[PDB]
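We have chain X already, so just place chains C, W, V, B and Z on it with the hints.
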Amino acid sequence: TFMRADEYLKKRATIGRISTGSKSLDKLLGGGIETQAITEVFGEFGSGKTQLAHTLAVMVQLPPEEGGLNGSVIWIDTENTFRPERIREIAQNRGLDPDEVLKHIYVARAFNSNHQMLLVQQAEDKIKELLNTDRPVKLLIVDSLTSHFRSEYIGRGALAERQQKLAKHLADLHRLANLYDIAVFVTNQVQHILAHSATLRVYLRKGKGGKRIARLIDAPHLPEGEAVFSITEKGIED
Amino acid sequence: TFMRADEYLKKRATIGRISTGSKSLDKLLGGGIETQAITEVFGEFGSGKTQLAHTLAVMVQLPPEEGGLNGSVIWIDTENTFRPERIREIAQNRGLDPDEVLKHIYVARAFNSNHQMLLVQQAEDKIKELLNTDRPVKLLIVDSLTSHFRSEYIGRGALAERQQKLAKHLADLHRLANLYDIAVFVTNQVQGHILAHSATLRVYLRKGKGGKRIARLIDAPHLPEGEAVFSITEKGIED
Amino acid sequence: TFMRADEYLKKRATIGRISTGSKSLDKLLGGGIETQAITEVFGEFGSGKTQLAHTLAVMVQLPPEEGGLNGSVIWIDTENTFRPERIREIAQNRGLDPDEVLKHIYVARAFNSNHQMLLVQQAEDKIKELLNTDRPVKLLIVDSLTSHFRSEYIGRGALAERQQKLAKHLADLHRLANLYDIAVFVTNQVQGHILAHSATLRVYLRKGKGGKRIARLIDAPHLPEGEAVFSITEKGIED
Amino acid sequence: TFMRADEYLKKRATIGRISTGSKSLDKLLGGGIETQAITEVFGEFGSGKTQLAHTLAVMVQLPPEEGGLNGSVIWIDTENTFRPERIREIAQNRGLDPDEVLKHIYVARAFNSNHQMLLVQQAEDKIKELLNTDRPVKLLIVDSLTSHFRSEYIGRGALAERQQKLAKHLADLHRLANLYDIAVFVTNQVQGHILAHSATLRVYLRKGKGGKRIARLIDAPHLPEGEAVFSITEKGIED
Amino acid sequence: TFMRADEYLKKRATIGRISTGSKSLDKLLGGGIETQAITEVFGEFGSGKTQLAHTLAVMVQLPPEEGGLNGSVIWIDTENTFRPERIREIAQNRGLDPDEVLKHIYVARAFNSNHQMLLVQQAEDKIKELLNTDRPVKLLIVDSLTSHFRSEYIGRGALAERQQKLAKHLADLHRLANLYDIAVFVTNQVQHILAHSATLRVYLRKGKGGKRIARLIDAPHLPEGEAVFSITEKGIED
Amino acid sequence: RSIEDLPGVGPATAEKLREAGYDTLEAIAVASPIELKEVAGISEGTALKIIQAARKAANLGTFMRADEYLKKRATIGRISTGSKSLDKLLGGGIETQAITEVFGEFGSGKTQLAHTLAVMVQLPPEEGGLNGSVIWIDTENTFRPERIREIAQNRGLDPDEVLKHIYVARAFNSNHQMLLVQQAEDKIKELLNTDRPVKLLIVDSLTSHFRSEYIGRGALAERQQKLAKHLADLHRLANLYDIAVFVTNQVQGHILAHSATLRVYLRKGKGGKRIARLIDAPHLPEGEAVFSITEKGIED
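Chains X, C, W, V, B and Z, in that order, are what the protein sequence lines are. Residue numbers for the first sequence follow the working numbering, so the first one is 1 and each next one is one higher. Residue numbers for the second sequence follow the working numbering, so the first one is 1 and each next one is one higher. Residue numbers for the third sequence follow the working numbering, so the first one is 1 and each next one is one higher. Residue numbers for the fourth sequence follow the working numbering, so the first one is 1 and each next one is one higher. Residue numbers for the fifth sequence follow the working numbering, so the first one is 1 and each next one is one higher. Residue numbers for the sixth sequence follow the working numbering, so the first one is 1 and each next one is one higher.
Chain X with its partners taken away, still in its complex shape:
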């Protein structure tokens, strides 16, 4: 069904924003990563996109004033890179209770493409039974989003099917994002494949001495420069 541009405009206003935990980024990002959208972060291994994920898993928990959305987190881990113990750290280094955070984050290990996709659909369950609660789900992470797809589908003749499925997956996320005002954050290791339906794609690379530099890939809807930040306790900062 098609809603009216009334409700539509209204909704696009009730769009929340999670802070990345680093001034410079939230800036170049126009607030931060938004809900009702899929934000894709991509770059070489070690470009810190999994750290950014961890940080976001904290930020979203704190009050709007600090850049959060007082919400829960659903984390689909495909590369076995989710470290709760990492949450604990960064957390007890920016106020919040380092043992409370790990109470509003729910993870699932995805062992292959089909598993990954099936988990997303089940994510609606935990998501659902929680909208009627003080801390609903506001962040849904898929790290990595492309990992399995680019390994199970090698050689043309599969590329077609790969996109079809990848697409159906992305579509499943988009739905959740809008259906529940959730911010969908996905990572993509690069050096190909992208998340075409992505609402916003941010590229980041290792920069200079122990620092990462981002830069959106678009033009309309947000700045056109670069943003530098670093990895420390508190996750990302600056």
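Be careful, since some hints might not be right.
[To be verified] Pairs of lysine-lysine residues, derived as DSS-like cross-links and limited to a Cα-Cα distance of at most 25 Å, are as follows: (1) V:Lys-165 - B:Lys-168; (2) W:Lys-209 - Z:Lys-16; (3) V:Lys-10 - B:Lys-168.
[As the list claims (entries may be wrong)] Derived DEER-like restraints, expressed as beta-carbon distance ranges: (4) W:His-193 - X:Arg-156: 23 to 31 Å; (5) X:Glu-124 - W:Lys-126: 52 to 60 Å; (6) C:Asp-97 - W:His-193: 42 to 50 Å.
[As the list claims (entries may be wrong)] For the chain W half of the interface with chain C, some residues (derived, Cβ under 8 Å), not all of them: (7) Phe-2; (8) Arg-4; (9) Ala-5; (10) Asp-6; (11) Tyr-8; (12) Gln-164; (13) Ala-171; (14) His-197; (15) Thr-200; (16) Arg-202.
These aren't lab readings, by the way, just hints derived from the structure by calculation. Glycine included, C-beta positions come from ideal geometry on N, C-alpha and C.
Same frame as chain X, now just chains C, W, V, B and Z:
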């Protein structure tokens, strides 16, 4: 379906570690290959990855204080390379009862890819069978993991189903590793090259100076970034 | 299902060995071709691998001291090269009743790949029957093993399925080999050159010096290295 | 032939810097394009690299305190894009005498690669000619540098001679830049793609928001790692 | 002419060794880079091989006891990356006189392959008129050695000629190395082309947090591990 | 006429001809006036006279009566590898008047075998040598006079003495390599008619530089021609002076000495031991040989 970050953090701390039988290799691995994980060791033929497998089949059996996890072993052999006589020897020189050790290792010969994949789904029963015991399964070996796949699936048009099924195999192993706190060890001969992408940790090892072998990681984060030397002798892996 | 390493040490303990009929080649094979294994012999046409097959079909029949295993023989013939007359000669030329040996050899002509695979599948029933008697099946020959496969499957987009079947075939043989302590001997003519990768052991042989042959192993793991010369005569193969 | 590390260190400190006419771009460049160097600016057609060239042809003329180096300009035009009227306008709005400025810029139209390369060797005389003056040559522009090369040398078998000669051209420029403390500025249109590899610094710039342009470097070490925005107006480049 | 294994053994003994300025390296290197040899260091851009060059340009100047050879330096710069001012720094941070160093280093900017090659042959001049002196040439750097070759020779049909010339160049260096007991250090940026005639090839990459890790590519004549070090004043250390 | 004692050739001319590879009577014998004219400067007509002189003077351009040839072969010496096993396989050891090529993967020990041979050849015939000197062309910087010292002082040989009958030259590229051959003939005749003439000439590696300087399908053609000539230059020395030529070839592009009198393949074996095998049936056995690397070089 999902788990609370605190539970995951909890479950994780319950992760055991098997010693390779080498101070060195062990340091490199962070004390040894872990449970709830798939560790892939790969290298040229004769790089000693099958020895490492045999050693681990012993170590896991001894007490935590000694490097093991007082557990049993499920061994899926695809290249007919499992030698109990070699377990027995690694044991004998380690001061154990060869006759006992050989009672907590269970093998199955895998004659082809479909067989191999079938075996893994089958192990689940032996795991369950011993699970509620004092010596549950703690090590599951697949040697070789890639051997059959890289021989039954030739050329493109095949990679589609290969990875397709492989991925399904690795996923079967991952489940067991986590569902039962088991350490999954797999070997991969490397000169159509395959890989255990889903592998939790990939260790590369090659032959060295004289009779020695050297191992190195395939990741900078998590664990150091150096090399480890060791040797093959009675007791399996030393140094 | 699976099997305890100790009971495996048991199974492998009973590995028998058939003599090739020539001191030389046995040294190289460390005694002879073994049971619970697939031994592949390959070489150009006329390299004498079908003679080696005939000799083995006799030797396996005589006592362990004499180098046999007092066993019967199952022979899948795909190139119409099995000559019972030849067995008689080699047999009456080795302290064996010619007409009795032929009562412990069972042949089947394989007319194409599907037939061949279907025949090995049927061998089981025959194996099972003689399993309880004094002379069980101890030798299963497939000559040629690759012949039909490399003729019914031409061009890629076929080569892939060939392996998917050739592998199901080899797996069928491996099973019988272990399930019944049988030695599986297969031949492969070599000048698309397919091979029996699963081959527990691959022996290469070529026409040598003066009307003699010469064989060598392929690899390094388990068993010496070097070459072995022998000849074709009555008695089949002789040093 | 060679020089003492102290002399080189000395010669280097004698390196002048021309302002692009943009606080921003200037910061990004470390105060501006330097002498004794080849600065390559590249981007899509209309990214304003020819404007930047025109601005520099003015800036260089004014005092050091003002961003110039009180010098003359040698301009090798290959795409017939040099407009004195535009110099005159950039000057006029910068508070200078269009009639004067146009007296310290010397152009030559290059009709093809060989012509282009000839011109550079020729400039050396004008450089010498003005060298012992109070307003020596301090800026040498080649716009476009790659235009002709990427049109006269089509396909492989050509790249050999292209780069071969190009390299020889760039080397000719490098010499002049150092032999006479001149800043060499070259443009390169980018959608057989060429490049000034020997370039001392490569700056990439593209069109932006509205009428604006944005420049970024092609090196992490030496100078920052950010972007710079500016605009095209009278005075040439602003912001 | 062929010398006798007498003189030959003698010579291979009178082989000097320059320290890299970092314990860990000199170790994995069996002393350090030796004279009468071409040592090739290769790795990605920013792997610090030009720093290593700078350090070596200092070390070689100090007495044997500290790991030097009280010698001069000939530096062929092809990528305009030689910073005397960088020498000054590192120098006045490990004893020696930060303004004396730049007195025993002689540079030449090579603008292309032919220039590069021709400079090497002229290097014999400065080299020569200095052997009869307190501080003879002991280090000859070519940074980068491959830069120009891989740019002027693109597309097969040149690859052949490229190797021929590259070869003649390497041979020219080898000669100088032996003819004058000089240590030849050459860099090679990678991600192809190598310096085949190279006496020793060391690979180095950026490692962990602001550190570089080396590892020889051979087996016979020196260890088989890796070496970590860092870039600071003094150039390379650890 | 033996060397450039040819009619129209003076030293200056000889200079240009040598720096160009026309270093032998046969080299010139097979050239064309145009080539020599462009290499030396001489006129097309005198160059022609030069060619004819060479065609007529050529040593290896004459036939030998089989009775004479049977005898030449009767005087072929044999160097021991230092391994009963291997020698059996060679029927005594590598022979003189022949090019023996040993090839295998890096580390298959062919450079060790070279070092051993450089010692053996020095001891008496009964000891496994021919009381001779050694010319060593090193292209990969792998000649360690130290290993020589060792292997020598481990067979009761005076290392300080052994080191006095080995002459090395480092070859920095193909042209250098080829060039050093002609200069090898200089030293060979120098030490010729001496208590210890040259009996062993090593080229290690023989192919290294050729497979690096000639990359391409357009480079392949002349790659072979130059190797062909280089090999011919060695064959000549081998026969002209009863020398045993030993060359190594790393393998696994692809190259080899097609005109090698005998090609021996060797690979890393069991544990620390190497196994060498022959590549043909005519002349010599047909089995494998195992040996090891230790002091004394090669053993067993």
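Hints, verified against the model:
1. V:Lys-165 - B:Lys-168: 21 Å, holds
2. W:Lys-209 - Z:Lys-16: 52 Å, violated
3. V:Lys-10 - B:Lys-168: Violated. V:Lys-10 to B:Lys-168 sits at ~34 Å, over the 25 Å cutoff.
4. W:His-193 - X:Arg-156: 23 to 31 Å: 28 Å, holds
5. X:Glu-124 - W:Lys-126: 52 to 60 Å: The hint (52 to 60 Å, Cβ to Cβ) holds, given that X:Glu-124 and W:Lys-126 are roughly 58 Å apart.
6. C:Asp-97 - W:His-193: 42 to 50 Å: Holds: the Cβ-Cβ distance is about 49 Å, inside 42 to 50 Å.
7. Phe-2: 4 Å, holds
8. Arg-4: With a minimum Cβ separation of about 6 Å from chain C (threshold 8 Å), the hint on W:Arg-4 holds.
9. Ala-5: Hint holds; W:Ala-5 Cβ to chain C Cβ min 4 Å, cut 8 Å.
10. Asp-6: Since chain C brings a Cβ to about 4 Å from W:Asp-6, closer than 8 Å, the hint holds.
11. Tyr-8: 5 Å, holds
12. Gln-164: 6 Å, holds
13. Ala-171: Because about 4 Å separates W:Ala-171 from the closest Cβ in chain C, which is inside the 8 Å limit, the hint holds.
14. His-197: 5 Å, holds
15. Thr-200: Where the cut-off is 8 Å and the nearest Cβ of chain C is about 6 Å from W:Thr-200, the hint holds.
16. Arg-202: 13 Å, violated
Of the numbered hints stated above, those contradicted by the structure are hints 2, 3 and 16, listed in ascending order.
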